[PDB]
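Only one chain is given next, in structure tokens, and it is the form deposited without the ligand.
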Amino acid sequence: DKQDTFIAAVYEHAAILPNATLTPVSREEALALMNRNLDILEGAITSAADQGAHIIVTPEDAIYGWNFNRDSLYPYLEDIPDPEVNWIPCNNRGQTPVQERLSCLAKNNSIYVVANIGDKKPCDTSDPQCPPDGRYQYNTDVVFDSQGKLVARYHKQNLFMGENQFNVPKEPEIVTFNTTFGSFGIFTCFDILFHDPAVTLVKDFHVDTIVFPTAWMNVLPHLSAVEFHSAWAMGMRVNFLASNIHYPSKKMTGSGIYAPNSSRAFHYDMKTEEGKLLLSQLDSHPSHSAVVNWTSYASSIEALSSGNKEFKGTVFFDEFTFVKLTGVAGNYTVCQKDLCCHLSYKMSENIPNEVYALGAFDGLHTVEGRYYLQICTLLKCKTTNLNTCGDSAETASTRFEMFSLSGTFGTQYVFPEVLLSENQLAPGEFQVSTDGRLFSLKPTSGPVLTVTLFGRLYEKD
């Protein structure tokens, strides 16, 4: 009974956290908490369904929060079976009340629900990987169809540092589920930065859409949630439904609905403590650019400047090679090892006290994650001191008339980011060519913070 379009929802949830204790709570108390969160999510699910939604994603850790060790978490966990068990928790019919409730919300509102809860998998002592305390504990995405049937279960593969209360699956779980409105894949938060499963789902299973529960700490200039999540969508050419936690206190905010060509809806709010429901109609099999050769253009030309005054700047603990942008227009090129970044630009006007720089990085990131990068970035320097180029910067005043950025990337996996002052996306104000140029389509609707090509060489990790 296939459909050409569908309405997506994502909910940015202000989580109710458990009270702290020095000793593990009872299963009855842990449920109490989870139900209070569930009461809220029910609000979002009811509303979204009442607005035509076919699926809704809720965030990671949205039901019990993120402050845990292995034991304090345990009473919140449930044993979550393989969808292949072929089971509708609402109907049948106890020891899995969270799953029952989720299944009922999906059924009573006739809507796919996607949530993050915790799975426990008690293991045998024969299993050499079995933890001393007798069980695996996984961070677990679950999906329920509009019948309430469990159709997907993904265990998070790439844990962030601090997630000591969870285990890493022995093997990467490549999890999909199909619908009348397309083929979906799923992964969680920090997974987006790695090859398994996120890349494989797209490259090898050809999913139309990704659902993506998350709790994401915003790190400028390149990893604000909305900024990076939408760029991934665009780079991998998929619909992308990012449901983030709302917790400004920890720089967590940035949910949205992204299509290959543009953001469709986004929310970023650091000023209040209320959550947010987003909606947008999408195409089941979404329209996208044909395959991009990212090095094609940048390798066909000679350097746009030389005798450069280059310098080192620290962008998120990585040492880039920069060059100041002097004119109100200009063309520059900057290299580092195998990467050459080419920028042509023209500003709307020169804001006197705002410096921009074009930067190149080719190397291994190591802080709070070990992964290999290649990056071209135009960015606004925090201050007029060039030692601050690469440091986090909230706001700007310099609009741009045009830009065109490209690099000699040795990866086919590059993600085009653009971010405007006050952490605003620039939907449909740019596009990517077949040969790897990221170029403006018009004058920017606001001041620019960065325009970046975020490359990623998964093998060199």
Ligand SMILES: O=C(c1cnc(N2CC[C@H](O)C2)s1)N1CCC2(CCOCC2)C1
The other form holds:
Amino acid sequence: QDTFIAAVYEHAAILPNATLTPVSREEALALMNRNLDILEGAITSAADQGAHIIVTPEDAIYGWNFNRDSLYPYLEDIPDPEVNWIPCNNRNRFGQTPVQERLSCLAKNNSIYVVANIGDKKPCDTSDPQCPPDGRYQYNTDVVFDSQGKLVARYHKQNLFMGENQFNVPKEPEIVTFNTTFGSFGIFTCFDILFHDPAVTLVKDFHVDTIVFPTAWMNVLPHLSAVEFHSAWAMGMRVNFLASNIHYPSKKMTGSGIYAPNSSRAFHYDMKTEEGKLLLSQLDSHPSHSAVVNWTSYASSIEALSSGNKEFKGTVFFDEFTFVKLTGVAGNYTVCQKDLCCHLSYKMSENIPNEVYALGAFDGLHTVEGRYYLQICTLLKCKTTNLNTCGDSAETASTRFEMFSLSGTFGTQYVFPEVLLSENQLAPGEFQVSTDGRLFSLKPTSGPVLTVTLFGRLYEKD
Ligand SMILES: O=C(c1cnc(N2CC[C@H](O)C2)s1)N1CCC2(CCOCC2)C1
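Can you return the structure of this protein in the form solved in complex with the ligand rather than the form deposited without the ligand?
Next comes the full complex, and the chain you just saw is listed first.
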């Protein structure tokens, strides 16, 4: 089959009541079942609309407020899928696996692939030199059940985010895939998307067509809003992408979507309500990739579009960019820092007076809640008119752009093209990437621009 119905669910999760000591296994199962009822409502809706696969969010079933012991009652010992097990049909094969059983049955009775995130526990002995002192590993685990309810993939999150002290890290990164009549799929979780393993190995070495992506992502503007960066990543890596995000505006958790190599196909962003949302979209089983892009070709082919600028430092996500302020309603600007030069050409729909935009270049190591080397070229709307706010989270803008064109002398080929509009809206089909590394507008933007960014990762320099 050449196309398939993809679904993602944004889940307003029921969080376990605050308790000082760990709950019983029955209370744990009761809370997880409260979440699975809602998730099943989504799965049934997707099946009734003919979906082939549905992704649900990270931590969607038991939440994220845990220490090791208070999490333990929620864990199940999840076997390796090579055991060839359908929990729905052979319950009791392995013992105390009710959550796996219910996920299996949801996948089977609704004839739909189900991707869910749950907790794995793996007992270990002192025989094991890295057994944790409390006698077991606990892993943040994606499980996939096929349309028959078979366990076809289990993935332990490699790159733990801060505040995940309830979990352990696998001894080695797990490259987990599963094959289907509608393509080869790879899986990783939330923070993983910012690192090489497994996320980049899946695409570059195992050539998967589609990533399934449970996430509990807290938006960090201007470059790391969920929809913005996930769709940008799918575009740069050239895969389909099913991002299923928690809904929790209080913590800036919102943004779910279905993304394709050529464009975003569906997306959701909602800070106002507490409702979940099911998204569906058609995808090609095996997409085309246009010619690969040399991200520094064009940028290395110009001389600076501007010289003797008034440059200044301004802070984006604790990273200090070198900025030049955009003064004219249209202009050609170049900005450099260390090894990275960023070129912008732009014509705004109008000069909104109390709105300031800037072009910034960053080339260095990020260290706050994550260590990773970055090369970023960004056109962005400054939070206020104060140049000290250029880089701060900005959610709204009024300046639309008639045209833009951004490029950079990137020292990496992993560069993810981002375009975000006011109110955190994607711009599907309004822009393109050329083979020589320009991200440019195909027409005037449909809404005011928050950012146009080329976000590049230099994994070797971590
Ligand atoms: O995977 C994640 C990420 C959430 N936001 C992330 N990023 C990436 C870029 C920027 O740093 C923002 S990663 N998890 C799982 C555990 C979690 C712990 C925090 O509280 C609740 C949920 C958060």
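Numbering follows the first chain given and starts at 1. We call the rigid core whatever largest set of C-alpha positions still superposes within 1.5 Å between the two forms.
K.L.:
Could the core-superposed CA displacement of residue 287 between these two forms be given in angstrom, to one decimal?
P.N.:
For residue 287, the alpha-carbon shift amounts to 2.5 Å.
K.L.:
If the core is used for the superposition, what shift in Å does the C-alpha of residue 128 show between these two forms?
P.N.:
It moves 1.1 Å at the C-alpha.
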